[PDB]
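Produce the complete structure using the sequences and hints provided.
As a plain string of letters, each chain reads:
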Amino acid sequence: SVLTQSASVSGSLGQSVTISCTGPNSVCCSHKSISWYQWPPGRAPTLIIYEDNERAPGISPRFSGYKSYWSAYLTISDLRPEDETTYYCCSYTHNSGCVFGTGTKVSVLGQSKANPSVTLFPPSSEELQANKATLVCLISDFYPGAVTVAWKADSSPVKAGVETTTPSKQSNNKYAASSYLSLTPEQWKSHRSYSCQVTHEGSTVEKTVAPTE
Amino acid sequence: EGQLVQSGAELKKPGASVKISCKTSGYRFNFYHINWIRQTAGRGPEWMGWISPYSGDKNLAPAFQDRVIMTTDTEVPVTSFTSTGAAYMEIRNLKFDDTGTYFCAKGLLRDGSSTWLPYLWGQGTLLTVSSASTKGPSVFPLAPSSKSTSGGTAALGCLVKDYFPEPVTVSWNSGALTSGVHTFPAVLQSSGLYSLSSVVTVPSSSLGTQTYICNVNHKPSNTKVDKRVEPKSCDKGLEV
Amino acid sequence: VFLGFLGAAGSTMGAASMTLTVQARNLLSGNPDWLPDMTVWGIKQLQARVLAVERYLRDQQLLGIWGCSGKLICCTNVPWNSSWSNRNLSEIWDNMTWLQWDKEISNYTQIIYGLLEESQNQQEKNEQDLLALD
Amino acid sequence: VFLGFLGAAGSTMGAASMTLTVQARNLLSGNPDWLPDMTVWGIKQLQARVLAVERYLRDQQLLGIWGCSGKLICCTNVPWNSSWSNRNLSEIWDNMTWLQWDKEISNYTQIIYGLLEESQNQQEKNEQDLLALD
Ligand SMILES: *[C@@H]1O[C@H](CO)[C@@H](O[C@@H]2O[C@H](CO)[C@@H](O[C@@H]3O[C@H](CO[C@H]4O[C@H](CO)[C@@H](O)[C@H](O)[C@@H]4O)[C@@H](O)[C@H](O[C@H]4O[C@H](CO)[C@@H](O)[C@H](O)[C@@H]4O)[C@@H]3O)[C@H](O)[C@H]2NC(C)=O)[C@H](O)[C@H]1NC(C)=O
Ligand SMILES: *[C@@H]1O[C@H](CO)[C@@H](O)[C@H](O)[C@H]1NC(C)=O
Ligand SMILES: *[C@@H]1O[C@H](CO)[C@@H](O)[C@H](O)[C@H]1NC(C)=O
Ligand SMILES: *[C@@H]1O[C@H](CO)[C@@H](O)[C@H](O)[C@H]1NC(C)=O
Ligand SMILES: *[C@@H]1O[C@H](CO)[C@@H](O)[C@H](O)[C@H]1NC(C)=O
Ligand SMILES: *[C@@H]1O[C@H](CO)[C@@H](O)[C@H](O)[C@H]1NC(C)=O
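Chains as they are written, first to last, in PDB author numbering: chain E, 2 to 9, 11 to 27, 27A to 27C, 28 to 95, 95A, 96 to 106, 106A, 107 to 210; chain D, 1 to 52, 52A, 53 to 72, 72A to 72H, 73 to 82, 82A to 82C, 83 to 100, 100A to 100F, 101 to 222; chain T, 518 to 547, 547A to 547H, 569 to 664; chain T', 518 to 547, 547A to 547H, 569 to 664. A prime marks a further copy of an entry chain.
Worth flagging that the hints you see were computed from the coordinates, not collected in a lab.
For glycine and all other residues, C-beta sits at the position ideal for the given N, C-alpha and C.
Please note that the accuracy of each hint is not assured.
[To be verified] Simulated DEER-style distance windows between Cβ atoms:
(1) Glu621(T') x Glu634(T): 52 to 58 Å
(2) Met547H(T) x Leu645(T'): 27 to 33 Å
(3) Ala541(T) x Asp589(T'): 22 to 28 Å
(4) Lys574(T') x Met547H(T): 18 to 24 Å
See the structure below:
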């Protein structure tokens, strides 16, 4: 994509924010029409701005657009928690197709932070019949998009079988993730307690189970 | 009120071909262009091409001029303002770069400078170009877990593990349970395996009045697994 | 493009506005020649083409009592109300037919005639009389 | 104030001028629907509502041949004659009805139509033709 936008953009609560969109000499972002797309990753996107500063029907007037002689601009007044997602710009003509840009992640801060919900699960009896063992560490309802998970067998670090997901946005404007630990029945029987530690940026939630209990 | 539906998930090999449908409803099929745009993680989204069911005029990207063929049927008018058409798309010469979610959408306006612009999008259709084999999943139950000891909330679910082809949808009690249903994304193993889980937050008092059965429906493998989660807990924070 | 009588019934309102004279010229003169003198069958079609001109003259009276009077396109001074079809420009004239338009307006269409007959000439004429003496 | 159809028949001419559309809209469309086909009784009422539109079109021809043409209030260029109703302003519009007005004018009303049809468009049009070339 020669259509270059802003790298990564943050913002504050109830303020404005600006996203850029420009590119190549052929793609001079001038005699061409510009549109903007709100793209929730993995869900239904939305057209908000089409062909110029004119916005789509139903869009609140908090959004606005501008077109200079070499680039296009997106302005957002009164930032809301549901606006915390990635946007994209497209340049096109009446006959040519769409040309997406590089992308611009948006993070609106100044909101009420969320204390996380971390839950630990052992393998059940049916998995003990399967001769495997999987610790399940589920994370939800935390505001900043950064978590670090550590697995400790008898309070001793584990490196093999450690898998941790990526932060995923909860539909309630929070975040969610998970992490698993695969172990063998020999390593399941030869330990006392298992620990999943999730180090938050302002706290740390640790959950401890045991095969004997 | 146009409620469009695309095709189902399918698995193919590189160098082969696959055909994706795009069934429409609730609007005049011949009044709007039909766009087709993909989303691949290797090059981001790329506009593939649009077509006109009325005038029979298509327009592809020069990169898709040889391998993409888009066809449309004639609309089936239901009322004076509603028709049920169909738009198919066949793609050949499958490579590793053509793996992702594909979309078809309705044109914007019937006249003006932006007529074909995609407004109403379909739900999408994920394709994975792989030489591997279709392997069914392994579905396990999950032991209930305490979520709030003072509140009394349990968390029970099902575990879909080790399936190579397209992902799987899961219902609860034949779709009779939607409150608390929270589904986790899949994994990527070193061998190329995908595996996820699902869970629901149930009342701790709901152990002798309701029954919770998860229903896994793997369509590319054409399998179904109906599991019953045992109400006997094992978390020390949940027995109370 | 012409496409003859009613050719733009399913086209946009903007494209349909290009053929006003076409729909106007074929509604008033569907002239049947009734030179043969046949008793009971003439009164029915005569009543028909008399009620036709009665309806035509009702429409002409409605188009005369307003500030508009030319049997053409015309602008007024009554503002459009946002409650009536909450839509922007180019959304109406480029993705809508006159049929669906009148259908959506039919809920609020009855008061627009009153706003055009009273809020205009019942005050525009009076302002014309009290501003033409200087 | 409206007071409906003919409500200001005994009010002043100024107050009666506030209800011109009211008296205008109810004279042309007293529409009877003659869908039933009844022999000798339809011709009488049909002749009635045809002579109605004939009289209406006679009035419209009289209001078109004059410089006035809008079916509303209108001003001319024919001066009022002091011989016709030797009265001042506000004496007419605030203590007189249109009935008594037409009664007093009926003695001199017949020449006013001629002064409006000949002293105006038989010369105003000709002046318009000989003053529109520059
Ligand atoms: C019945 O309903 C159908 C479907 O709604 C209508 O079909 C649409 O018709 C409109 C125009 O009436 C189409 O809009 C136009 O698309 C043209 C495509 O362009 C060119 O290039 C290709 C090659 O790729 C040629 O094959 C083709 O013939 C064209 O030459 C555009 O060129 C048009 O643009 C015009 O308007 C803009 C206004 O901004 C000007 O700037 C341009 O210079 C140009 O004049 C226009 O965008 C639309 O694509 C059709 N299909 C749809 C909507 O799906 C029928 O018209 C309609 N018929 C009736 C009688 O109502
Ligand atoms: C025409 O298209 C626009 C945008 O696609 C849509 O908002 C509008 O409702 C459409 N018109 C009708 C009559 O549906
Ligand atoms: C629009 O209509 C509503 C109700 O019919 C009325 O209350 C309002 O004043 C109107 N506004 C305008 C600008 O005409
Ligand atoms: C345009 O549309 C927006 C959103 O639908 C609406 O708020 C605004 O009042 C509209 N403006 C006009 C002039 O119709
Ligand atoms: C008024 O009328 C009389 C007779 O009808 C005529 O002699 C006289 O010239 C007229 N005056 C004006 C100003 O019209
Ligand atoms: C109205 O009153 C004035 C003065 O009282 C009088 O001169 C005039 O004749 C009256 N109008 C009529 C029609 O009698």
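**OP:** Hint by hint, work out which the structure violates, then give me just those numbers in ascending order.
**Re:** When the structure is compared with the hints, only number 2 turns out to be violated.
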